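Below you'll find only one chain, the form deposited without its partner chain, shown as structure tokens.
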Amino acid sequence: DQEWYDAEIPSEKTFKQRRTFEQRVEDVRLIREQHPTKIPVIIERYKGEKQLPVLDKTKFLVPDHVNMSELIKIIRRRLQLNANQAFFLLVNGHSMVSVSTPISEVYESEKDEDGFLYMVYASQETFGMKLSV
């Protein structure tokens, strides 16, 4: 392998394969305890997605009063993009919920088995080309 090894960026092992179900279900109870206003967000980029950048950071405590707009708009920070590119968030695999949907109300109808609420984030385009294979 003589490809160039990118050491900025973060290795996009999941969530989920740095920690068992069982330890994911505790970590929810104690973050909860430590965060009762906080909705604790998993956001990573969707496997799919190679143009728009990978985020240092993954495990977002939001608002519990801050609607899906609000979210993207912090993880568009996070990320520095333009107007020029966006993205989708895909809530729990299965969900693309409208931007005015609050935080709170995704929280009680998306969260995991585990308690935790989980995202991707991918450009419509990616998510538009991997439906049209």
The other form holds:
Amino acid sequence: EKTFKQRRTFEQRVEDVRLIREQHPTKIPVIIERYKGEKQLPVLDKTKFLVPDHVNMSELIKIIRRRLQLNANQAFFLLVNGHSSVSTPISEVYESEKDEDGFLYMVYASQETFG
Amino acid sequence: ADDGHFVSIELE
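Having seen the form deposited without its partner chain, can you show the form deposited with its partner chain bound?
Let us now look at the entire complex, which starts with that chain.
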């Protein structure tokens, strides 16, 4: 059950960010993965996302929910390094919370604290 | 997994 960091080496990830930032300078590179213990949400179709740098976290969350085709009654949370602010621009989350490899990592679940 | 492609997210 290998996560993205386990499938690609640290060097491969650093190199991937460098090139994708050079080719897509208006986009934030984001890794979005499902919580390993998740039991009721579907898995996403892909792992690596490019998010425009005028978008905020509230907007991203609604977009991902829609990708998963969730019913209104279904809980969804998006965690950036374990913390569950919706208004923050994804550029600012990136500057603050990006990994040493340069990706911004997120995990989604139907629980908010996990776990 | 398709680690070789990025989804390009845009506002609707």
